[PDB]
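In the form solved without its partner chain, a lone chain appears below as structure tokens.
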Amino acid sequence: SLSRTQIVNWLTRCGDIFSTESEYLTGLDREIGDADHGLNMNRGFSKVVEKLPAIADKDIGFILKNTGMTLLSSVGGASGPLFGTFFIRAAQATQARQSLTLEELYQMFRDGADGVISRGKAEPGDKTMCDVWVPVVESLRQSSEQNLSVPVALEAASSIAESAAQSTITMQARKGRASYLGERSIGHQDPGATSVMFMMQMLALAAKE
């Protein structure tokens, strides 16, 4: 099972990673966008994390939804609404729970991903966060098929996140500001996708035995 407080620990670690990797993520976004993604993500999660002390004892749905809206209101640019939607849609799917099964994490990732895909309309291979979300979702699905423990599922999901992020360097952007570069977006890792990768690495850690 994955505990509410592990989830709080996730968001905490996301706060850290988005602080530490601001520069790097903004690097990625210079190459193929307006050089703001690390600024955007740090702003958002630093807000997310400042809020944890007040909300940390409410239920998982409450924390994710509230996180969702912070991101929604605070990240800005194109990713903000997408990460927001992810968490908000992840929230519902979480009946006021307090821990989570592998199966409920899958479903919550599944719905979060559907939300981002239906919102921003990216297809696999377009070079966006979705190129990480989809395989991560798919990992959780098979990990759930095999009834692995949450921690090992999450660690598997995590290294797939790494591969999937890596695999975007080669894709040409069909979506968002990076598409403005056309063929010049090939050869560069997507920022958004790197962020999802960061979130999943912190999730793996938060949940570590």
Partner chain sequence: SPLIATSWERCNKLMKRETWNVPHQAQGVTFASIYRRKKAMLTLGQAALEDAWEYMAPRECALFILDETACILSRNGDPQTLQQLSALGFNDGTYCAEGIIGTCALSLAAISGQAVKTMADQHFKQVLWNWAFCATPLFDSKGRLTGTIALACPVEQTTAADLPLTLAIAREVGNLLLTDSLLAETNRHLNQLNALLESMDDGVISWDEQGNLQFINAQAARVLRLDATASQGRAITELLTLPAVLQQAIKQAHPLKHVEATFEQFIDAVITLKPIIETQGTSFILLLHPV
Second form
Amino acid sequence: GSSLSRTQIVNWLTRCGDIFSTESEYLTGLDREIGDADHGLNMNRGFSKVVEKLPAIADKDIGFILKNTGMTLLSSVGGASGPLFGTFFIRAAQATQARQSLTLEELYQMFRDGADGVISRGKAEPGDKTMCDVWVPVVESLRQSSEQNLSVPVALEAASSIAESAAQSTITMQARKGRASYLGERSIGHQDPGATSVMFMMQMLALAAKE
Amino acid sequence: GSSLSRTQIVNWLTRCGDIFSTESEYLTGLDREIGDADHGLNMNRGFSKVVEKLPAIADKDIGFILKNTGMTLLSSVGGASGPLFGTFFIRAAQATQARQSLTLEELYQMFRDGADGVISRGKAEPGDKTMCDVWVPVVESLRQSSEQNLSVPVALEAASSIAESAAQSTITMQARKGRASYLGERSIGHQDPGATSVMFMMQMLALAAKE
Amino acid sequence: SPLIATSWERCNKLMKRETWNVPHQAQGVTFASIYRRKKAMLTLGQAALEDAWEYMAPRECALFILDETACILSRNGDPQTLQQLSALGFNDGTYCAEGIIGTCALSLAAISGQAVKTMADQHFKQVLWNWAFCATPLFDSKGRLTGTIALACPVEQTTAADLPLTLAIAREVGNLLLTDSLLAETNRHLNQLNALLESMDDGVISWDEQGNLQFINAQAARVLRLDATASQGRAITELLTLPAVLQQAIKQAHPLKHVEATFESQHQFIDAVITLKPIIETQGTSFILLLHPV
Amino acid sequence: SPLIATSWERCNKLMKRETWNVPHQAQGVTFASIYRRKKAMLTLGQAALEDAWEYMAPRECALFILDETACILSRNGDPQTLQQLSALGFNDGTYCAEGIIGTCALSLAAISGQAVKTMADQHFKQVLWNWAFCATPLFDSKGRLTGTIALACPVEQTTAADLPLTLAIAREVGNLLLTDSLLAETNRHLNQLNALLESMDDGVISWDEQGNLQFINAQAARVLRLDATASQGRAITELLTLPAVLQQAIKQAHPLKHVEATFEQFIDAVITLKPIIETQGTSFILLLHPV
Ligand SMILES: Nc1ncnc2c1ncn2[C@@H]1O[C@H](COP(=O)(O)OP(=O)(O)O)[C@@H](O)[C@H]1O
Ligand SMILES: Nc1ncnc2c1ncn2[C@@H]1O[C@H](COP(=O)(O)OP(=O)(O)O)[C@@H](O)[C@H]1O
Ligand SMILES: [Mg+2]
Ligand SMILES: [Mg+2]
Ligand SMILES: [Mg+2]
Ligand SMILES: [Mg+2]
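So the form solved without its partner chain is up there; where is the form deposited with its partner chain bound?
Full complex below, order starting with the chain above.
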């Protein structure tokens, strides 16, 4: 209850490899409506590589594992999301150097830095219709859980539920960043694929925390 | 004189930093007659970065030291010669992994491998008027000294001499590779600057091996 | 160019300028195997190429990744241009060796070892006189040829930035293979370090110039009664209270060998024989503390 | 573009479209400091830019590297184009911030955090209407803005490939800063491993999956009578005769803990064998516990 271990982090990333494989066509379909129809394919391409690398590094510390993961996503995903998800994991990795276990306060700090990283690099604001429309509430959710002293598995179920609502909330937003914003008003009525990716990640983290 | 220590290799590279500084004008002058007038400037940019990095890695093995060096030369020299001197050092690095000392036969092997790397990457032949016109006889010099069981210091003094003759031998060659070969027949009558670089390196190695 | 002319002399032996036929094209299973073993360079290459296209569209051009044998592994770019090149036989798995299609950047880059451009009637085969090709070879983690990046376009639309673009992308994919291999090298050193720590006799605790615990083995963690997995990455000051003898030495960056020492772990006294090993680096001093078994 | 328009709305506050004066330009000493602070990024960028120029020349264009504060650090490319821009005030040290030269890729790249091209009257300042700029920000080892790669040419000579070129060069330079930092990180781990080996009580010898000794400490060197500095990088089978026990354990990738053994003149020790199982093969640490 009290902490997330590195084995759980590894099991998290393994589950992200699976979700990005099964959800590939779905994510791509979301990206077909408002983009260049590639987001599922590219997330699967990057995450497949992540999970390939992971057995070799699974006995290492959390920082080194997140750093490989970020570095991998950074060069193998492509487009707008690759640099962003890579920055997330790289920033998380620098906060967790040598860690083998994280308290809920620490997990929250990790996500915070992660998210600051992606906002800083991509300059997205609330309502811009991007992945930051899920990251910001996710971080706020973990901060509240940390204050209330919730166990890690309950905290992570809460952030996962929040991630879902935040992804849903992107549907009615007009895109102001990335490829979708080319469509002007025509991006309204369609869920953002980057935001759906973050949700998937959070749902998988929630599962890994049970084990 | 049975072996070259890694501390000698470090002192070799430090001495190369000094020679590419003081002979910068000259190498650039050689490169002005038949190239784009940058070769001294660039070797100095590369090698000063090399020598900057050296104190941090001086307590390590030969392979790691030559790997850092070649990697630095690789990305910071530019043009035709950067990738070439880079490859030389990277090949040498992979032959000397974990070494703290090299016998004369091992020394010959390193240089053999580096030379093979530069030949295989630039495709140059005896007579093309390039740095390979010095590398090949230097390697052949070291093989001979190896068979005759010469001390490392005497062997290196002999390669150093061969390297001088070999660089001078490039003067009457017409260039068939690199920027010089644009000049056609007008490249005859001028010493090759890459070749003069290899000579400077062999002269400094010869000095390092005394210490 | 002597490069072109020399290439023409090789092509002259076995090949005519006006002929063109069905491609020599890897197929079904053998192709899947080529694709599979080129995975590392491919996935990196395909991301890079998607990006090059994105900031270039609209434009009549195509981008190719080829393996070290001139076999086309992937294509992207303008749909129409890709269909035209496909009509000439260039598809996934088509080999573009000089011995098959004549003098062309697609092969000459790897043959020459450098970024190369061929246009119009520099090409041996007349079918290619309407095309410009730029290509650059790319290299391993270990310095050998592993593939080629190329850009194909109608000859009248060539731009001066086409060649340096293939060069910069080949160098980027190259360096990315190198960074994958650097990370794998560090993982191998971490394995050495971890195996040493798990199998040795001494207890060990080690910390940062920033005060943060980097490693502790089972032996040190039982003795100093510290948590075996939650200590790492936390301030050593908030982990245990250090004796007077250590405090001095630690401030003074001064080594200690086989010395006696008394510790405190959450209100409790431990007696031990220790060694303190300073590690002096540009960024500050780090420490290793060994607890010798009595 | 909403990027351009939004940028114009920032410029409309403090600036006029028709004015142009003398540059804001880092000078003498203070430029020497900016230059020195930017060494790592600069030297990588200069080699890359020289290379890009060579495979591109002849052409009317200029290439700039700028630091995170949009200060021009280095220029190269076409002499005449470089003079035309020098006359407009673009030299080494010239600041190209939006609040100085108006909406322009030179700053808009860093502001947007991506590759950007501006041409002709997209430019806030009329002086720039004869020009195209492409630019891409570049990033640290640690993901922060560290500078910008730009390409400038007369507007009528712009090419579709100019923008992806600056992008690919900025990414090349970024990744090169990253590989510099991975090598440092690996060096720091080697410091850890070497300091452990030198100070611990146990003797140690470790070799590769290929058979080559990777490390040996003073302690193991004394006992097994090996050369403490010419043993490393050599085949372990050339260095010493391994007792039958070990020999069989090695054959099988099988651990030994505090087992007794005898080496070759004869030495009796209590050893541990520790296999390291990796995708490239199996390696070994052998420790000699001090009786
Ligand atoms: N500036 C930005 N900040 C945060 N997220 C962004 C930004 N630009 C784009 N994105 C995200 O990237 C997603 C699209 O990613 P993807 O399809 O992988 O890349 P691309 O759009 O380049 O093809 C969008 O759904 C959006 O969530
Ligand atoms: N294909 C090649 N093989 C071997 N050496 C080469 C080749 N091309 C060029 N060189 C060497 O590089 C030197 C030129 O180096 P330099 O001026 O640093 O680069 P650049 O010519 O691109 O400006 C030449 O004097 C020659 O020795
Ligand atoms: Mg997309
Ligand atoms: Mg895309
Ligand atoms: Mg030159
Ligand atoms: Mg040059």
